[PDB]
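With chain A fixed as given, assemble chain B with the ligands onto it according to the hints.
Residue-level listing of the chains:
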Amino acid sequence: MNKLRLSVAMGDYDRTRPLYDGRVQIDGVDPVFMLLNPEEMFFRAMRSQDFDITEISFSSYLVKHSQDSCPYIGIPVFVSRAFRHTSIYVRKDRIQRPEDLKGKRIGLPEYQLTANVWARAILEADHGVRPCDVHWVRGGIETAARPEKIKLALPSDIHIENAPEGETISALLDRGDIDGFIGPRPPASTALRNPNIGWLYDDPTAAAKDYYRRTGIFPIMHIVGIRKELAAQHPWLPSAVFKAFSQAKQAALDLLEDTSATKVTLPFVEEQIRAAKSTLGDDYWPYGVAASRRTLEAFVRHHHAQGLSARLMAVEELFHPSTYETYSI
Amino acid sequence: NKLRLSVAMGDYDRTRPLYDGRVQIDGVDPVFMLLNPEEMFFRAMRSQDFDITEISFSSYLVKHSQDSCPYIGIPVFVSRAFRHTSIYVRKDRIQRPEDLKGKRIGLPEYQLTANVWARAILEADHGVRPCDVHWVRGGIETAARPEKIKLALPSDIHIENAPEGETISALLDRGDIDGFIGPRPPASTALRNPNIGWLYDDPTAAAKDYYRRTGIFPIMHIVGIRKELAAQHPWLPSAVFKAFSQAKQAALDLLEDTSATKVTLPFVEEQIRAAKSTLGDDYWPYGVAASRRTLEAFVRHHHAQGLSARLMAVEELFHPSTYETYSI
Ligand SMILES: [Zn+2]
Ligand SMILES: [Zn+2]
Numbered sequence: 001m002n003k004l005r006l007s008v009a010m011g012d013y014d015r016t017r018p019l020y021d022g023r024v025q026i027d028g029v030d031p032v033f034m035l036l037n038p039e040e041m042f043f044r045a046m047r048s049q050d051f052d053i054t055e056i057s058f059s060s061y062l063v064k065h066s067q068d069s070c071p072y073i074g075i076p077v078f079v080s081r082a083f084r085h086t087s088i089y090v091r092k093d094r095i096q097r098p099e100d101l102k103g104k105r106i107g108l109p110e111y112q113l114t115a116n117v118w119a120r121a122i123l124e125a126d127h128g129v130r131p132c133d134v135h136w137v138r139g140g141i142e143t144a145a146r147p148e149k150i151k152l153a154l155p156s157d158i159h160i161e162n163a164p165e166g167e168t169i170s171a172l173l174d175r176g177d178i179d180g181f182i183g184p185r186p187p188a189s190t191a192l193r194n195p196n197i198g199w200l201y202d203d204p205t206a207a208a209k210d211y212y213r214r215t216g217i218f219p220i221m222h223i224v225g226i227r228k229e230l231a232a233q234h235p236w237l238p239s240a241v242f243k244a245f246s247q248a249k250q251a252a253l254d255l256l257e258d259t260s261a262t263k264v265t266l267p268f269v270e271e272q273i274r275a276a277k278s279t280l281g282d283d284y285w286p287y288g289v290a291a292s293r294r295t296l297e298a299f300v301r302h303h304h305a306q307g308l309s310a311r312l313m314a315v316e317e318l319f320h321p322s323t324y325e326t327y328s329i
Numbered sequence: 002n003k004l005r006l007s008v009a010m011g012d013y014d015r016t017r018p019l020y021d022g023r024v025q026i027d028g029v030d031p032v033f034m035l036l037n038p039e040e041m042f043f044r045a046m047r048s049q050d051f052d053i054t055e056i057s058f059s060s061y062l063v064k065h066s067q068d069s070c071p072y073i074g075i076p077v078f079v080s081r082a083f084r085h086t087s088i089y090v091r092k093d094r095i096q097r098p099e100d101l102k103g104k105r106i107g108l109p110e111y112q113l114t115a116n117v118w119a120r121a122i123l124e125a126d127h128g129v130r131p132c133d134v135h136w137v138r139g140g141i142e143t144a145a146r147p148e149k150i151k152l153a154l155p156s157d158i159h160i161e162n163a164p165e166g167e168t169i170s171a172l173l174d175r176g177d178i179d180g181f182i183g184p185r186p187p188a189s190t191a192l193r194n195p196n197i198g199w200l201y202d203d204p205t206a207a208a209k210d211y212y213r214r215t216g217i218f219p220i221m222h223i224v225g226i227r228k229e230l231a232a233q234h235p236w237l238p239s240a241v242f243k244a245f246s247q248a249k250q251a252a253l254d255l256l257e258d259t260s261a262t263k264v265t266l267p268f269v270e271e272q273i274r275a276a277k278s279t280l281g282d283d284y285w286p287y288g289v290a291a292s293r294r295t296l297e298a299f300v301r302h303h304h305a306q307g308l309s310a311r312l313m314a315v316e317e318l319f320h321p322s323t324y325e326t327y328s329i
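Protein sequence lines correspond, in order, to chains A and B. Quick note: the first sequence uses the authors' numbering, first residue 1, plus one each step. Quick note: the second sequence uses the authors' numbering, first residue 2, plus one each step.
With the rest of the complex left out, here is chain A:
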C-alpha cells in the first residue's frame, strides 16, 4: 500500500491515455497527472521544476544536460515524434525554392526549440542554408512577448534580433517583414489566411519520406525526465517509468490498429498504418535507444553544430544508465 506520490506531466495523446486512466500503472508509484500543451509544460519544467516526472523539450533538456546542470535526467520515452518539413512556412510570393532563404529574415518563437533544430538541420544538410546565413527574428506566434526559456551562449556568427514589441512572428510574416517562419505550430490563423503564406514544401509528405529513406531519421521532439534526486534515491524508477509509457503506447497502438471503428477522427486509417509500417518499419514510432539510434546520433550532432550543446554529446550520456536496454524472453 506504500508507493511514491509523484506528479506526472504529459500531453493528451492516444499513447498516454492508458496511463491517465489507470489502464497502465507505474510500478510503485501513485501518479497524479496533469495534461499540458508543450509550451506550458516546458516553460514550467525548465524555469520552475514543477514536476517529478515530465515530458520535456529534447533540445532544452540537452542544453541544461550538456552542462550537467539540469534538474532532470532523461529516459528514452519519445512521446513526441514527427517530421518537421511541415514546420516551415514562407511567403510563397518571394520564396520559390528552399535555397532562396539564404540571407533572408526567418522568424521563430525561440531559437532553441526542438522542432527548430530539426528544421535548421534540413535547411543546412540539403539546401546549404546554414544558421549563420540567416537574419533570425524571435517573438511569439500567438502572443507577442515570448522569452528564450533558458539562456544561451550561441556563437556570434548567428545574428538574431527580437521582433518589434507588440508584434508577433505571425503578424511579421503577414506584413512580410520576414520572408519565413519556423516553429512547432503553424502561424496564427489571421496570418494563415494570407493567400501568400503556405508550406515551403509543396509536398511535405513526399519530402519527408525521401528524407527518411536518405537518413533513417524520425525526428524526436520530446523525451521524458525525472528529477535527478528521485532517480538516485529510487534506482528502479527510471526503468519503471520507461516501461509504463512503453505499455501505454502498445495499448494505444493495439486499439488503433483495430478497424472495427477508427480510433482517430481521420479517413483511411487502415491504409495509413500499413503505409507507415512500410516506410518506417513495423515499430514506426519506437521508444528506446537502439530502436532510435540514427535519430539520436543525428540530434546530438545538430544540437552541437547549431550551438546549443556545450561540447558534442554522446548518445551514451543522454539518458539514465539503466535505460539503454530492456529484457526479453
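If you're looking for bench data, these hints aren't it; they were derived computationally from the structure.
Pulled a few chain B residues facing chain A out of the computed Cβ check, cut under 7 angstroms:
# : residue
1 : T205
2 : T265
3 : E270
4 : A276
5 : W285
All C-beta atoms, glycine included, are put in the ideal place defined by N, C-alpha and C.
Quick look at chain B with the ligands alone, frame taken from chain A:
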C-alpha cells in the same frame, strides 16, 4: 437534480471530451462505459442495457423498420469509414472483383453495417449481387457467433453456417472460402498466409473515386436513446446531439494542432489537409443535411439487401427534433 443516464460509446478521440467531463450533456449526469462495437451492439440489441448508446446503423434500421426498436436514433455518426478495406480475398484465385460471382464469401453476421456497404460496392460496381454468392457465416476470432436479431432474408440469398468449430479466418486460410468481409480483417494467423490480402490493390484510391462519384462517406454507427426517454424529455435528443458534436469539435481542435501529434501516426498535418480536400472542411460530419447522400444510399442498400421490413425515408430515421441545429 439532473437525469441519471447510462451512456455507452467507443473509446475515440471524438468521445474522450465527453468521457472526462470537458463536454457535458445538458441536464444529465452521465455514467459512461467504453465498449468495443461487438459487445456494445450485442448488449444494446438483445438486452437494452443502456439509456444512450452507440449502435449498429444496420441493426438499428432492422428493428426500426419494424417499428419495434427500443431506441430512437440521432444523427451522431461516431463511426464512419470507407469499407473498401473490408474485403479480403485469396489473391491467388480472385484477380479482379468480378471473379467473385458464384464463389464462397464468409462473414461474421449478414446484417453487419460494414457488410452492407461492402455488398453494395460489389453490386453497384462489379455486378456481384448478394444472390450470386454462397455466403458462409461464422466468427472471425471465435467460431460461434449469432445473428444479433432475427432476419427474414429473401430466399435468393443462399447462406450457411461455417463448419462447426472453425472461424471464417481459418476457412479463408485453408481456402474453403474465396473471400471474406467484416468490420475487422481476418485473424493474424490467417493474415500470415501470403495469399490473403485486400481485394482492392489500392483501397484509398478506389474509395476517393467512389466518394467523387457518389458523395458517400459510409456511416457505421449512430447513437440512440430509449424511446420512453425521448418522449418524456423532448429536449434530451437535441442535448445529446450537441454534446457529441462538441466533443468531436474539441477533439478536432486538438488534432489539428501540430505542437505534438495526438495520434500515433506520421504525417497527420498532411492527412488532415488531404482529408479536408477530398471530403470537405467538415470531413467527419455529424448531422443530417451534411450527410444526405450517405443517408439516402444507406436506406436504399439496406432495403435492397433485404434488411428493411418497410421502405425507409431519411425523414423517419431519427428523432424529429434533430433534423437541424440552430446557427448564428
Ligand atoms: Zn520544442
Ligand atoms: Zn457493424
